[PDB]
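**Student:** Here is how the chains run, residue by residue.
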Amino acid sequence: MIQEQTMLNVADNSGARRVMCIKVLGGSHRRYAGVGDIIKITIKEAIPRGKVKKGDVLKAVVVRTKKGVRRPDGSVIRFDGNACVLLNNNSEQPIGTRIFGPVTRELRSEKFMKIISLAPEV
Amino acid sequence: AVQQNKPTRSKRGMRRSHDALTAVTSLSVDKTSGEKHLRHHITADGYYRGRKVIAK
Amino acid sequence: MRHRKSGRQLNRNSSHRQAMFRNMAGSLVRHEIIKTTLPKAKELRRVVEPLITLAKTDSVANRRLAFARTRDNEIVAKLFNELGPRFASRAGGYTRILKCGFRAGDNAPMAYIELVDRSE
Amino acid sequence: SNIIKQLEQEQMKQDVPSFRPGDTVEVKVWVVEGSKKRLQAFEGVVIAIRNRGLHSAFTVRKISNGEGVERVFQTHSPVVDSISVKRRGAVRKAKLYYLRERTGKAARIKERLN
Amino acid sequence: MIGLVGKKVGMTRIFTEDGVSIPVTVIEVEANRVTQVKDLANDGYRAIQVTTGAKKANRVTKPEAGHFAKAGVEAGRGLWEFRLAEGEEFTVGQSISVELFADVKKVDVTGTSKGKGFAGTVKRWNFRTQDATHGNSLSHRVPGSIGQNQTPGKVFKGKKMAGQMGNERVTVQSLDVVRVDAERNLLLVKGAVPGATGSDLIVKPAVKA
Amino acid sequence: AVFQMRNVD
RNA sequence: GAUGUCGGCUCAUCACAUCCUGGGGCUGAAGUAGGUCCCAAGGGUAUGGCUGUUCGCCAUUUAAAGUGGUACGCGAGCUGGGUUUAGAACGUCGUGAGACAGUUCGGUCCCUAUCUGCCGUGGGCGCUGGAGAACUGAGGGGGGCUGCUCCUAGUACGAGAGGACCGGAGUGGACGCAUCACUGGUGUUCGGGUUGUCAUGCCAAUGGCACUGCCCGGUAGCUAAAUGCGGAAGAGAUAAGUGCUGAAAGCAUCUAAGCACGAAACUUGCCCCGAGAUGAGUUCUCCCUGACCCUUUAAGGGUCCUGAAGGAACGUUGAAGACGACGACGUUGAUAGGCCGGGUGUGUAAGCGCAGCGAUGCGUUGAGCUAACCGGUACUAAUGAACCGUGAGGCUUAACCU
RNA sequence: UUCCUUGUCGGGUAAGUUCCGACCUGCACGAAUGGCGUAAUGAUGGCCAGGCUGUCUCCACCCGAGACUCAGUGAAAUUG
RNA sequence: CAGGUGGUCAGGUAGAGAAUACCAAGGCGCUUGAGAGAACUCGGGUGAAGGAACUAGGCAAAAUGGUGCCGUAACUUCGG
RNA sequence: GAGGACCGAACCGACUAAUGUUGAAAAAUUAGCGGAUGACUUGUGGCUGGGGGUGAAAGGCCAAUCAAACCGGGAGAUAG
Ligand SMILES: CC[C@H]1OC(=O)[C@H](C)[C@@H](O[C@H]2C[C@@](C)(OC)[C@@H](O)[C@H](C)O2)[C@H](C)[C@@H](O[C@@H]2O[C@H](C)C[C@H](N(C)C)[C@H]2O)[C@](C)(O)C[C@@H](C)C(=O)[C@H](C)[C@@H](O)[C@]1(C)O
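Residue numbers (the working numbering), protein chains in the order written: chain A, 1 to 122; chain B, 123 to 178; chain C, 179 to 298; chain D, 299 to 412; chain E, 413 to 621; chain F, 622 to 630.
Incorrect hints may have been included.
As the list claims (entries may be wrong) - DSSO-like cross-link-like pairs, simulated, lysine-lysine; straight-line CA separation at most 27 Å:
1. D:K334 to A:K111
2. E:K526 to E:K620
3. B:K158 to C:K256
4. C:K183 to B:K174
As the list claims (entries may be wrong) - With the C-beta cut set under 10 Å, the calculated list includes, among others, these residues of chain B facing chain C:
5. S148
6. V151
7. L160
8. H162
9. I164
10. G168
11. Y170
12. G172
13. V175
Honestly, the hints are just simulated from the structure, not real lab data.
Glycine residues also receive a C-beta, built at the ideal position from the N, C-alpha and C atoms.
Assemble the whole structure, with the sequences as input and the hints as a guide.
**Tutor:** What follows is the structure, encoded as structure tokens:
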């Protein structure tokens with residue numbers, strides 16, 4: 001259940017360490033976001049040799065949530081913490097060469113195909 | 123939070139119209155002792171539905 | 179909005195209801211009859227009656243479970259040893275409500291409550 | 299009431315093994331992969347059972363590649379398959395929410411061995 | 413077409429072969445019978461009156477009992493009207509059944525909403541609460557301003573305000589139906605429906621397409 | 622209590 | 001012989017000089033996307049950073065982040081940051097006390113609702129004999145937003161790049177309604193752990209108090225963050241607009257006679273209220289078929305005999321309820337409590353035995369305890385009655401009783 | 001203390017009329033009406049951050065006291 | 001009348017203590033009650049996701065909290 | 001064992017917030033706070049008397065009133 005001013009753990013080797021969800025993309029007066037919804041985020045922290053530096057602003061996709069992703073059978077896959085992959089701001093597609101952690105099944109949506117190919121679980 | 127004017131005694135009386143009491147008129151004769159008492163209530167002598175109870 | 183709730187707050191904190199119904203339950207046993215307000219009298223039926231059910235079968239364990247309630251050895255002694263067998267085959271209906279007019283002190287709904295047998 | 303319970307019991311499966319909470323339990327899960335319906339395993343210690351007849355379900359925590367992954371599963375759902383108990387065990391208090399904070403060696407559970 | 417009287421039993425679910433879990437609300441529907449057939453002649457419009465269930469033989473009043481006596485059949489627990497589909501023509505006393513619901517596809521399950529009792533402005537119209545602090549006093553869940561000043565100088569009619577909530581007729585539209593078990597008189601409409609458990613219900617086909 | 626203050630508009 | 005004064009919170013209502021969506025004209029309109037103007041107020045019409053600020057700038061969204069009225073809406077609704085007292089200081093002015101739409105720090109925001117108005121809920125009476133239900137719908141309110149993606153189609157268009165009009169399908173954001181079945185929260189009335197102390201004579205076992213002592217859970221119920229549905233389609237008459245025929249005016253012209261299309265606006269459809277709709281309506285059903293005086297002699301005043309349908313009162317009550325009301329039950333009986341069985345929660349009681357120097361463990365044992373759940377049960381509490389309400393129901397006219 | 005003014009530049013933040021540093025074009029700083037600096041101290045002013053949280057997004061439920069009903073006593077401001 | 005009023009007497013357990021909790025001696029349940037379990041208000045508990053996005057302002061709540069030991073920077077008037 | 005030393009009850013003080021605003025109270029209560037071996041606090045009894053007193057200075061305080069207390073008198077002051 002991502003919202004404004006929410007810290008998220010980085011989900012890939014983009015070189016970012018800590019990030020925050022400054023804005024929630026996708027519709028007027030929108031509040032919550034998650035599962036796989038795009039969110040632009042500031043980079044509050046990053047390792048020195050990484051592709052990204054602190055204070056950078058670019059769109060990113062949620063991959064994991066503490067709330068978890070709901071399923072038609074009523075099952076839900078909760079995670080210990082939130083995470084997101086840094087998509088390119090210009091035209092999607094992840095920047096990092098490796099996405100850590102088990103991405104959820106809901107990412108299956110054409111554009112996110114590059115992300116799910118990495119990380120063997122789920 | 124206070125009146126700008128003094129109400130008529132007539133206006134005061136209409137408000138009192140719902141204040142009137144109504145007699146229950148539900149008293150019932152005892153099956154045994156025959157003394158009058160309210161329905162679904164024991165007699166002062168302790169009789170109730172003709173059986174002896176309380177005895178005080 | 180209540181909705182399918184049971185019991186009554188009776189303008190008192192639950193810590194007192196754990197006590198006020200604890201002592202009154204023993205008073206009903208000691209004299210086999212007590213005078214009390216009608217709303218409270220119905221509340222009493224859910225207290226003393228289960229205690230009578232505990233008396234239906236004597237055991238070392240049940241004697242202590244009764245001790246956790248009422249907190250009087252003199253009251254529980256009447257249980258099992260006396261009140262236990264006396265109801266025998268009967269299941270429930272250990273006591274009955276009997277309204278007895280309204281109290282003079284503030285028009286409070288008085289209502290007698292008493293055991294089915296009364297043999298003292 | 300009776301109309302409800304009769305409708306529920308008919309849908310209930312009769313092949314569910316008993317299991318104590320805190321036991322390690324694999325949970326097979328059928329899932330679409332955009333085509334083929336390949337089955338996938340999901341082993342993990344149970345942390346909270348919630349029996350509600352047909353509505354019954356239980357959480358299955360698993361610590362994978364860092365942060366743990368909890369997943370509830372309906373007992374009678376078509377999606378779930380085998381519910382084998384890979385490891386006998388026992389813990390006091392059927393709920394195990396406190397384990398969510400504990401990590402690594404802290405997550406140990408002794409075998410029930412009986 | 414005509415609807416039929418129903419009765420809430422309790423929400424459940426029906427598992428599907430694909431493994432999707434679709435919620436449903438059990439609704440028993442004893443077969444309705446037409447106590448009287450309204451018409452443009454004697455009544456000024458064509459319609460049917462129907463009833464179901466088994467009211468106690470002692471508690472039914474003679475003026476009501478004499479109405480069912482005209483139908484020649486034992487009294488139901490209540491009475492409800494359903495407008496005719498014009499092309500329909502039903503005889504008096506005919507036992508309409510739940511079998512009609514096999515082809516209805518979608519239905520509107522009318523029911524009486526639960527009584528929330530008297531409620532505040534927040535619960536009824538989802539008004540947001542004011543500041544919980546920052547010097548605030550005796551004002552949180554309160555409606556606050558309800559008008560302008562000397563202009564109007566009166567609260568507008570129909571203004572959103574605290575009052576009674578629930579305990580009123582409502583009708584969710586285009587609810588899906590799943591199973592139609594005539595043998596058990598079941599009516600497993602998809603999703604939640606208005607009404608307390610055990611309350612009377614009036615299921616009708618959706619006007620919506 | 623009456624208070625004091627000033628009505629400086 | 002007092003109209004509280006900027007902004008913010010909350011709550012809005014109206015206007016159209018229309019921000020977005022809709023319908024068109026023209027274009028220096030290829031398409032995509034614009035410019036400008038007309039019609040149209042149904043709905044919708046940003047979160048933040050700075051500043052007391054409206055405004056403004058910036059960051060990023062969005063189909064768009066409209067302009068204004070409403071005492072520059074709204075302090076008997078809130079806030080007191082500003083301004084705007086009494087303290088003090090800086091700059092400046094004056095010999096001085098002081099002053100400065102110069103600045104900084106600090107500085108009590110009263111009122112139990114009489115009427116109007118509004119949100120709800122009742123009592124009384126009338127609707128012309130009384131009563132029980134189903135109603136007809138005059139009228140009124142509510143709902144009316146929209147992206148993205150796909151098909152058409154990489155087609156019309158275009159040099160390339162790009163990329164549709166009409167129509168269809170799917171899925172989200174915001175909003176409204178309903179619901180607890182799932183996922184969660186609450187659960188001081190359920191179980192367990194444990195600290196200090198007191199008490200039950202003590203071992204053991206329990207209880208009291210310390211925010212429920214501190215907690216860990218958790219039934220029903222309630223509830224969203226949870227899941228179902230809703231905006232429409234259609235039709236009627238139109239606004240701008242596009243016309244057909246056609247004279248005045250041999251031609252021409254959408255119009256003067258006539259005729260055809262045309263919008264989220266209007267009238268319906270959609271949902272709710274509703275015959276106090278005094279213009280008080282319909283339909284179905286039920287109940288009442290006794291004997292004499294008085295008076296100003298009639299819609300007159302009473303007595304005796306009668307008291308029906310039904311209602312009310314009382315009691316048990318309810319996922320109904322502030323109080324009334326409403327639904328259900330009341331001995332030919334499941335309304336409430338209890339009870340029996342089950343479920344659920346807690347997770348291995350008490351006692352005994354065994355192992356150990358001991359704290360503790362094991363066996364008995366998924367045991368004990370289970371509130372508000374479910375299925376059964378008349379054990380108890382809902383007494384027989386009495387009460388209210390009557391005894392055939394005006395005048396006039398017409399149509400019928402074949 | 002600077003009217004112009006949110007001076008300009010740099011730092012902090014996705015964005016900083018406040019804050020820190022510097023420039024000096026000091027409307028109208030200035031040396032006992034004391035200038036500048038200062039460890040410690042402060043229920044002092046301003047800003048940033050960690051932790052923490054219903055302050056908020058958005059309220060939800062529960063425990064007590066009033067509100068409500070019955071009984072007893074019984075005011076108030078105001079009022080052509 | 002929930003305010004104000006000096007000195008003296010100083011039990012048990014835990015504790016550094018006259019703090020605080022439970023108790024002894026001893027004194028009280030505070031001069032209106034009985035119900036119902038609506039809003040709203042006051043006094044409290046908890047809350048999933050986020051953690052100052054609230055606001056004039058981290059206001060209020062929340063949180064930190066003991067003893068023993070390890071260890072502790074800029075700066076300084078060498079005590080901090 | 002030094003200190004207008006430190007933490008912290010009594011005691012003293014009254015910074016924040018809520019409640020209260022015809023209140024229980026003509027300034028309190030509740031949850032926090034400052035000082036607490038001293039420029040401390042307090043009991044008891046004196047001293048300074050109205051253009052005067054006193055003041056670590058607010059023109060505060062001098063019996064709930066102080067940019068000149070209260071009582072009585074001039075006084076039925078004057079009031080365009
Ligand atoms: C405890 C109870 C007191 O109330 C208050 O404290 C509130 C908070 C004051 O506002 C305080 C605080 C404040 C800011 O007002 C909120 C300030 O403006 C006034 C002067 O004093 C009031 C109401 C003031 O009225 C205000 O008078 C203004 C001149 C006009 C205004 N009216 C036009 C609307 C009116 O509200 C004023 C003067 O005190 C009223 C006079 C009659 C009093 O002295 C009375 C005896 C007060 O002691 C009091 C009412 O009992």
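**Student:** Does the CB of B:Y170 sit less than 10 Å away from some CB of chain C?
**Tutor:** With Cβ-Cβ at 7 Å, under 10 Å, it holds.
**Student:** Does the nearest C-beta of chain C fall within a distance shorter than 10 Å of the C-beta of B:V151?
**Tutor:** 17 Å, violated
**Student:** Could you check if B:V175 really has its C-beta closer than 10 Å to a C-beta on chain C?
**Tutor:** With a closest approach of 7 Å, the B:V175 hint holds.
**Student:** Holds or violated: is there a CB of chain C closer than 10 Å to the CB of B:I164?
**Tutor:** B:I164 check passes; min Cβ-Cβ to chain C is 5 Å, inside 10 Å.
**Student:** Please check whether B:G168 passes as an interface residue: C-beta within 10 Å of a C-beta belonging to chain C.
**Tutor:** 9 Å, holds
**Student:** Would the hint on B:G172 be counted as holding, given a Cβ-Cβ threshold of 10 Å to chain C?
**Tutor:** With Cβ-Cβ at 14 Å, over 10 Å, it is violated.
**Student:** For the pair supplied as a hint, C:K183 and B:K174, confirm whether the alpha-carbon distance does not exceed 27 Å.
**Tutor:** 37 Å, violated
**Student:** So, as I understand it, the hint says B:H162 touches chain C; can you test that by seeing if any CB pair is closer than 10 Å?
**Tutor:** Cβ of B:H162 sits 7 Å from chain C, so the hint holds.
**Student:** Can you verify the interface hint for B:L160: is its Cβ closer than 10 Å to any Cβ in chain C?
**Tutor:** Interface hint status for B:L160: holds (8 Å vs cutoff 10 Å).
**Student:** B:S148 was flagged as interface toward chain C. Is the shortest Cβ-Cβ separation under 10 Å?
**Tutor:** 13 Å, violated
**Student:** Hint check: B:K158 vs C:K256, CA-CA at most 27 Å. Holds or violated?
**Tutor:** 39 Å, violated
**Student:** Between D:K334 and A:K111, is the straight-line Cα distance small enough, at 27 Å or below?
**Tutor:** 21 Å, holds
Comparing the model with each numbered hint stated earlier shows that hints 3, 4, 5, 6, 12 do not hold.
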